[PDB]
Amino acid sequence: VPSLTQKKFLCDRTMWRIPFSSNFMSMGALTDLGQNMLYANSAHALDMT
Amino acid sequence: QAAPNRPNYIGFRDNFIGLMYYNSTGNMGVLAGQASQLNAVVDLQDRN
Amino acid sequence: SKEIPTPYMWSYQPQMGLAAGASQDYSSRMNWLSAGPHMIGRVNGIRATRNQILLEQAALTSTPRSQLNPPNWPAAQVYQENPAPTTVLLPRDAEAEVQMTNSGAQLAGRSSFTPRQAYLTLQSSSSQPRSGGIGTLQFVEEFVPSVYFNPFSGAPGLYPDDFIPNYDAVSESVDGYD
Numbered sequence: 829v830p831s832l833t834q835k836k837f838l839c840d841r842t843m844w845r846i847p848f849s850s851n852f853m854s855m856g857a858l859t860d861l862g863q864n865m866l867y868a869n870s871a872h873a874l875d876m877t
Numbered sequence: 294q295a296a297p298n299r300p301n302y303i304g305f306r307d308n309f310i311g312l313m314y315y316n317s318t319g320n321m322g323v324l325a326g327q328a329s330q331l332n333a334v335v336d337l338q339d340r341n
Numbered sequence: 002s003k004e005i006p007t008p009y010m011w012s013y014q015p016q017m018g019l020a021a022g023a024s025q026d027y028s029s030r031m032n033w034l035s036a037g038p039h040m041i042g043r044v045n046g047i048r049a050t051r052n053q054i055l056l057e058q059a060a061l062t063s064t065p066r067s068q069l070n071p072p073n074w075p076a077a078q079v080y081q082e083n084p085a086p087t088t089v090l091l092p093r094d095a096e097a098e099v100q101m102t103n104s105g106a107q108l109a110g165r166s167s168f169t170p171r172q173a174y175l176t177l178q179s180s181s182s183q184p185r186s187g188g189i190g191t192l193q194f195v196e197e198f199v200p201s202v203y204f205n206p207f208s209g210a211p212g213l214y215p216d217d218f219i220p221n222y223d224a225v226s227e228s229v230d231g232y233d
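Residue numbers (PDB author numbering), protein chains in the order written: chain A, 829 to 877; chain B, 294 to 341; chain C, 2 to 110, 165 to 233.
Read the hints as simulated data drawn from the structure, not as lab findings.
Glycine included, each C-beta is placed from N, C-alpha and C at the ideal position.
It is possible that some hints are incorrect.
[Unchecked claim] Examples of chain B residues lying across from chain C (beta carbon under 10 Å, computed):
(1) 310
(2) 312
(3) 325
(4) 329
(5) 332
(6) 333
(7) 334
(8) 337
The whole structure should be built from the sequences, with the hints applied where relevant.
So this is what it looks like as structure tokens:
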């Protein structure tokens with residue numbers, strides 16, 4: 829029978845992570861980006877969809 | 294025709310995730326010195 | 002009223018370069034009600050050191066102005082882009098080409168016909184420098200966290216009135232239609 833594939837992925841028992849580091853990499857507990865003045869010495873609103 | 298009931302293993306809950314009413318501003322704990330109106334646990338209502 | 006006050010952070014609008022709104026430090030603050038007068042005497046003082054740091058880094062980084070969030074930064078205090086004179090090496094001798102093409106039959110599918172070649176160094180920056188609005192790398196330089204060493208203690212007039220987000224400094228009025 830002519831067939832079309834179907835793909836799905838499971839990541840159960842885990843939580844998606846998007847680290848604040850500029851390179852997305854664990855360079856330390858205190859992220860570099862989350863410590864620059866721009867996000868530290870200036871309030872910022874945030875919107876996510 | 295009969296069959297067999299399913300199987301529910303009701304049991305206590307892993308790590309006791311519950312018996313202790315953990316983070317909840319309405320029912321908090323205390324670890325303060327006896328002679329001190331203070332506390333040592335504030336437990337805001339967002340922490341798992 | 003108070004005195005070691007908790008600095009008023011400045012918000013940004015990635016839109017028009019001028020800043021937007023302002024508010025006391027909404028989040029970053031300790032919770033000392035579980036403390037006694039041995040570290041509630043040190044949190045008070047760590048915050049004072051924070052205030053002094055903010056003052057110094059404000060008077061050392063900012064460019065002294067007369068209105069907290071100016072409605073239109075003048076064209077001399079906004080970081081301008083000064084690129085380098087672009088130099089194009091004009092890749093041919095126009096006279097030489099035109100001459101030979103007219104002469105002989107060269108249809109010409165450095166140069167061999169003539170060893171002449173000249174750059175055309177141009178100007179690269181702009182005609183009229185930018186005027187209104189500063190970039191992010193200037194926001195974190197101009198609007199350092201502002202410390203308000205006393206609350207709204209005065210007549211309506213004297214009151215940092217560039218803090219309320221809904222201010223139209225052009226007309227000294229709160230906008231509407233909301």
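These are the hints, each one checked on the structure:
no.: 1; hint: 310; result: violated, 25 Å
no.: 2; hint: 312; result: violated, 25 Å
no.: 3; hint: 325; result: holds, 8 Å
no.: 4; hint: 329; result: holds, 7 Å
no.: 5; hint: 332; result: holds, 5 Å
no.: 6; hint: 333; result: holds, 6 Å
no.: 7; hint: 334; result: holds, 8 Å
no.: 8; hint: 337; result: holds, 8 Å
The structure shown violates the earlier hints numbered 1 and 2.
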